[PDB]
Structure formats: structure tokens, C-alpha cells
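> As a plain string of letters, each chain reads:
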Amino acid sequence: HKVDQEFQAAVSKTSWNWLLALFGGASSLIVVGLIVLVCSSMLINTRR
Amino acid sequence: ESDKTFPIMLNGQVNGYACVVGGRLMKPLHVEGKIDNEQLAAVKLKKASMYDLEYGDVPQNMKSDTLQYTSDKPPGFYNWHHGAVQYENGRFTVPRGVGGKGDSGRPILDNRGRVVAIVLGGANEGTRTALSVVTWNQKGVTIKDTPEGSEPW
Amino acid sequence: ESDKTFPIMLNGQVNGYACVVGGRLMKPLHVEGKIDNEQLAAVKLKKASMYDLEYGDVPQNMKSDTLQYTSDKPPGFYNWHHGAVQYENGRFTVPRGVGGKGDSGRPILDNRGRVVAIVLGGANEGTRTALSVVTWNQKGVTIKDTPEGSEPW
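Chains as they are written, first to last, in the working numbering: chain A, 1 to 48; chain B, 1 to 153; chain C, 1 to 153.
I should point out that these hints are in silico values taken from the structure, not numbers from a laboratory. A virtual CB, placed ideally from N, CA and C, is assigned to each residue, including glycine.
Cut-off 27 angstroms, straight-line C-alpha distance, at most; resulting in silico cross-link-like pairs (DSSO-like, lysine-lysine):
1. C:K139 to B:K139
2. B:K101 to B:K4
3. C:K101 to C:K44
4. C:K73 to B:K139
5. B:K73 to C:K73
6. C:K47 to C:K34
7. B:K139 to C:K144
8. B:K139 to B:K73
9. B:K139 to B:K47
10. B:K101 to B:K34
11. C:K73 to C:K139
12. B:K4 to B:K44
So the derived label-pair ranges between C-beta atoms look like this:
13. C:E32 to B:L10: 53 to 63 angstroms
14. A:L19 to B:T70: 51 to 61 angstroms
15. B:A48 to C:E32: 39 to 49 angstroms
One chain only, chain A, in its complex shape:
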């Protein structure tokens, strides 16, 4: 084998897209949860 096999450029863009979608779902979900908590707290403070 004339070229070494790395980790970054060793998985197809289909697998990369599926993995990134599955992880970004959780990341965006926790971000949305934090945003929702902040918005609820701000609404409570404003309408207090």
C-alpha cells in the first residue's frame, strides 16, 4: 500500500453526513433547551 490510511480522510461523506446529522441533532437540541430556559427566565423577569 503506497499511502498510509488516516482517520480524517478514511470515512465516506455519506457516513460523515449521517454521523454529523446525528450529533448535531443533540447539539442543537441542548442549545435550543438552553435558549428556551433563558427566554422563560427573561419572560418571568419582564412580566414579574
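Given chain A, put chains B and C in place with the hints provided.
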């Protein structure tokens, strides 16, 4: 007030009061004890920790006979188990000396028999004592009004 | 109430009451029986099952002499066959032990001799009895008020 307000027991001593308003029973969180009523002991309480309160759905045979709520609060004198409380400048105050530990959760009544606020604590300014309570609003918002230096009773 | 309120029979037993309001006859669905009046026996009763009711168009002769509905509901006391019924907090109740099965469809009367609601059922709650009924509204909207534990009379 005497009939529909119950004592909370802590090793056999009074330490608070649980109030039934509009078919729901509220009790301060900071006061720890067992409700004297046997029926209310089986009522599940869901807690607003940031409001220092827990509320629950009362059983079927006491919800109508309850302290009817109200939202209109003109300044002046209002009823209280220990006497009269002055609502002025959007603040509830009492003469300095009356009230203390174990009076948390005491309902404040209206002249017509309705509830205006529930006492949680008090802070002494020297001249009077400003009561940290929960007050209601026209838009149906319950603000926990706590003057600076408030100590929960 | 006596003149313009017809019981529904079944095997010689009264099990409800039918009411002619606003020029149209109304009858509740949970009760089964035979309408007393012969002239109204020929009305095809269009059913609102989710409203637990059927309504029909009364003939020409009797549309002039009917009970009148109302939209404004000043809180307080209202007339009824079994005395005064109490209205607060968007809710109707009666002193306990008053009313029972077979009283469904009996209108609630006000001071000026007009209908404000139609009794459908009740829940006995010890201190009082909460009446599960149908009521009107400002925008011409018919709304049910059926408290928890309601039983169709």
C-alpha cells in the same frame, strides 16, 4: 380564617399555616412539618421552589368552602389574624413587634372575606415591619414581594 | 317554568324536562323518553351529541310563547324550581341535597323571568353540589361548565 386555616406540626409544635384558596392548597416550602388534617396528608404537593411554595389539588369535599381569591388592592388597612395590616406604596407592613417565626403562610383576608396575600416572612426597619409576601396582579401574575433584608418566618 | 317546561316520560316515570327557548325546543341526550306534548312529537330533533342535546324548530303557533335566553350573567343568586342557585367564579352550585336524577333540562331562571342556563347534571361535594350545565356567552357562544366528578342526572 380559623375554620379553613390549618396548623402544621413540627415535633408537636406550630410552625406555619397551610391555606386553601380556590380549590388549591398552598403551603410555604421553607417551613417543614406535617399538615394536621389527615385528608390533606394524602394530597400530592407540586413545588414552586423559586416561589418558596408548594401547591396541591384539594379533595372534593372542601374545594367550594375555600378562601375566595381577589386581585383588586387599593391602599389602606386590610384584615389579618393578628389585627390590621397597612398596604401602602405597594408594600405590606405591620407594627414593629407583632408577628414572627411560625406565622409563615398566614392568609391576609379582605373586608368581604377574600384573600389578598399570604405572608412568608418579615423584616424589621425599626419603625415598622415590612412583610415579604406574595401579591397578585391584574394580569394574573403572582409576584413574590420581598423587601430588602427579608427573613422567612 | 310550569307553563313552558314539559317532562319526558318513560314507562310512566319522569326522567327529564324539555325546554322551549328562543323559539326552538331543546332536550338532553343522556335521558331517553317520550316528550309529553303531542304537537312537538313531530319535530325532527337534530342532535348535537358533543353538546349532549337535541334541538328542533317549534311550529308557528307556539313560537310566540317561549322562554327567553340571556347573555348577561350578573354573579349572585338565580331562580330555579328547587330554590336559589348560586353563581360565582364562572361556576354554578346549589345547597347540598337539592336536586337529583330526573331534573335534567330544567332551566335556571333569573329575576326578570328569563333563562340563563339549562341543568344537565350535578356532583355532590358535601358542602354544596356543583351543577354541570350549559351556559351562554357575550359573543353568542354556548359553553359547557362541567366540573370534575360530574354525573349526568
